[PDB]
Structure formats: C-alpha cells, structure tokens
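Model the full assembly from the supplied sequences, consistent with the hints where possible.
2 protein chains.
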Amino acid sequence: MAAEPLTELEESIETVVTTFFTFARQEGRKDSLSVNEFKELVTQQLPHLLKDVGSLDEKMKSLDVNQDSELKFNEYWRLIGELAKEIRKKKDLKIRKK
Amino acid sequence: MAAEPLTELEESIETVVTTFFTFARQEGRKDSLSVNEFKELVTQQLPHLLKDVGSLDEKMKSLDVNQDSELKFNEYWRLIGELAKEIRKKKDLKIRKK
Ligand SMILES: CC(C)c1ccc2oc3nc(N)c(C(=O)O)cc3c(=O)c2c1
Ligand SMILES: CC(C)c1ccc2oc3nc(N)c(C(=O)O)cc3c(=O)c2c1
Numbered sequence: 588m589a590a591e592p593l594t595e596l597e598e599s600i601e602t603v604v605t606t607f608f609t610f611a612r613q614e615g616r617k618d619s620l621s622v623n624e625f626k627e628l629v630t631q632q633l634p635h636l637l638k639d640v641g642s643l644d645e646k647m648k649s650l651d652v653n654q655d656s657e658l659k660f661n662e663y664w665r666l667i668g669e670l671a672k673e674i675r676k677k678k679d680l681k682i683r684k685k
Numbered sequence: 588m589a590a591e592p593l594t595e596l597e598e599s600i601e602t603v604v605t606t607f608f609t610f611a612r613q614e615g616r617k618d619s620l621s622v623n624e625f626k627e628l629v630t631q632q633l634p635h636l637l638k639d640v641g642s643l644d645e646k647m648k649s650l651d652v653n654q655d656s657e658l659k660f661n662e663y664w665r666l667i668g669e670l671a672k673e674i675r676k677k678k679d680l681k682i683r684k685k
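If you're matching them up, the sequences are chains A and B in order. Counting the first sequence from 1 gives a position; our numbering is that position plus 587. Counting the second sequence from 1 gives a position; our numbering is that position plus 587.
Among these hints, one or two may not hold up.
It does not matter which identical chain is meant; a pair holds if it fits inside one copy or across any two.
[Unchecked claim] In silico DSSO-like cross-links for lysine-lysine, where the CA-CA straight-line distance does not exceed 27 angstroms:
hint: 1; residue 1: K685; residue 2: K659
hint: 2; residue 1: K617; residue 2: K677
hint: 3; residue 1: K672; residue 2: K685
hint: 4; residue 1: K648; residue 2: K638
hint: 5; residue 1: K684; residue 2: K638
hint: 6; residue 1: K648; residue 2: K685
hint: 7; residue 1: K684; residue 2: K659
hint: 8; residue 1: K617; residue 2: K685
hint: 9; residue 1: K684; residue 2: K617
hint: 10; residue 1: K678; residue 2: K626
hint: 11; residue 1: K648; residue 2: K684
hint: 12; residue 1: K648; residue 2: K617
hint: 13; residue 1: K617; residue 2: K676
hint: 14; residue 1: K638; residue 2: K681
hint: 15; residue 1: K659; residue 2: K617
hint: 16; residue 1: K681; residue 2: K659
hint: 17; residue 1: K676; residue 2: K626
hint: 18; residue 1: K626; residue 2: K646
hint: 19; residue 1: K648; residue 2: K659
hint: 20; residue 1: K646; residue 2: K684
Calculated directly from the structure, the hints in this document are not laboratory data.
Take a look at the structure:
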C-alpha cells in the first residue's frame, strides 16, 4: 500500500498519489481521499485546471456513487479522468490554442 | 487544444498526455488514442505498473465501450483509473509494501 517511482509514465500517476495521500490518510481509509480536503485542494493546488472551483457539486455527486462518507479511488476516479481531459480542452469552443 | 505544464498536481496528469500524444497523433482524432499503439505502451514503457501485460483484453473491452476502433480519453479513462490503482495495491493479498 505504498506508491514508489519507477518509469516517467508510471511516476506521473505515482506523483498524484504520493503528494496528496500524506494528508488524505488523516481521515478514514488510507487509499480514500477526504470529502472536505479534496474541495480545498481543487481551490488551492489545482485551481487553473478545473475552471469551476466553486461549482464542484456536479462532479461531487457523480464521484460518490455509493454514498458512504469519503471518496475512495474507485469513486474519486470520475475527477481523475476530468483532470487530464480539462487540461487541454476545458473550453473547446471559445479558447483552442494553449 | 494541446497540453501545457501548470502546477505540481496538474503537471503530473499533463505530462502523461504530451508523452504518448506524439505517436497517437498519426491515427484518427488527436485527442483519441490507437487500439494497437496503447497496447504496445503497456508492453514496453508501462509493464511494471500493470502486472497483467499478456491478457490486456480484460481492460481493452472496458475501454472501447462505444465500439469505433478508437480509444478516446472518455474510453481510455477506465485504464487511467486502473493505472493509479494498480501501483500501491496491485497485489493486495501476497505483497502490501513497496
Ligand atoms: C504513498 C504515501 C502517501 C503513503 C500512502 C499510504 C501509507 O500508508 C501507511 N500505512 C501505515 N500504517 C503507516 C504507519 O503505520 O505509519 C504509514 C503509512 C504511510 O506512510 C503511507 C504513505
Ligand atoms: C507537445 C506535442 C507532443 C503535443 C502534445 C499534445 C498535443 O495535443 C493536441 N491536441 C489537439 N486536439 C490537437 C489538435 O486539435 O489538432 C493537436 C495536439 C497537438 O498537436 C499536441 C502536440
């Protein structure tokens, strides 16, 4: 249950786990991310990527599909895809040259 | 349209796009990934992350859900979740510390 660096492509997915899981372990489950801390991370360390830092209720409901307490990686996975999808095409209509 | 470096967390998921997009551009849709080249990426530059390199069809069928011979980021999204999930708890039975 510990992410170690190996190759350039394997290190990218490892950097996202090793950087925020140090604070996510504070609440229940080691592999699960907190419901109150992920909202603060998207408005402090990840604000430029996801334009809707305040309007996160659309994804917040889609993430916790089982509805327990926190966002497990299987539940948080809905934002992991939007992380690399909104990086190049957050507004593919007005701005298309980054 | 293209992916450019940003913050520590945003740059990790951003680098994964720019590394494989250099070879994915040759096939249809720049944002979409090929069904043969992505399989070769796991058996050359990502073999240690995904322990099951031979039987890739188990995830391949879950990726191309639309059935159009093109793995868009919405289709490839299922492997992005399994990439970061099969790094710390790949074999949660025999080994649980790396
Ligand atoms: C990848 C990094 C953020 C990470 C992820 C999961 C972790 O799960 C652990 N389990 C433990 N019981 C103890 C401990 O017993 O101190 C500590 C940790 C980690 O340091 C630990 C570190
Ligand atoms: C830095 C270089 C290797 C690179 C990396 C990712 C890229 O992602 C893009 N996205 C797009 N939709 C289109 C496009 O709409 O034409 C083109 C590209 C790139 O040229 C492109 C170029």
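Go through the copies and call it for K648 and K617: within, between, both or neither, with a Cα cutoff of 27 angstroms.
-> within (21 angstroms within a copy, 30 angstroms between copies)
How would you classify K638 and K681 at a CA-CA limit of 27 angstroms: within, between, both, or neither?
-> The answer is within: 14 angstroms in one copy meets 27 angstroms, while 42 angstroms across copies does not.
Is it within, between, both or neither when you check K626 against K646 at 27 angstroms Cα-Cα?
-> Intra 10 angstroms, inter 30 angstroms, cutoff 27 angstroms: intra-copy only.
Since the copies are identical, ignore which copy is meant and state whether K678 and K626 lie within 27 angstroms (CA to CA) inside a copy, between copies, both or neither.
-> within (21 angstroms within a copy, 30 angstroms between copies)
Is it within, between, both or neither when you check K648 against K638 at 27 angstroms Cα-Cα?
-> within (18 angstroms within a copy, 32 angstroms between copies)
Which holds for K646 with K684 at a C-alpha limit of 27 angstroms: within a copy, between copies, both or neither?
-> within (25 angstroms within a copy, 32 angstroms between copies)
Taking 27 angstroms as the upper bound on the Cα-Cα distance, should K684 and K617 be classified as within, between, both, or neither?
-> Between copies only: 13 angstroms across chains, 38 angstroms inside a chain, cut-off 27 angstroms.
How do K617 and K685 come out at 27 angstroms by Cα distance, when the copy is not named: within, between, both, or neither?
-> between (36 angstroms within a copy, 14 angstroms between copies)
With identical chains treated as interchangeable, where does the CA-CA distance between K648 and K684 reach 27 angstroms or less: within a copy, between copies, both, or neither?
-> Neither, since 31 angstroms and 33 angstroms both go past 27 angstroms.
Have a look at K681 and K659 and pick one of within, between, both or neither, based on CA distance no larger than 27 angstroms.
-> For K681 and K659, the Cα distance is within 27 angstroms only across copies (22 angstroms; inside one copy 34 angstroms).
Please work out whether the CA atoms of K684 and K659 approach to 27 angstroms or closer within one copy, between two copies, in both situations, or in neither?
-> between (34 angstroms within a copy, 20 angstroms between copies)
Classify it for me, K648 with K659: is the Cα-Cα distance of at most 27 angstroms met within a copy, between copies, both or neither?
-> both (13 angstroms within a copy, 24 angstroms between copies)
Going down the numbered hints, you'll see the structure goes against 6, 11, while the others check out.
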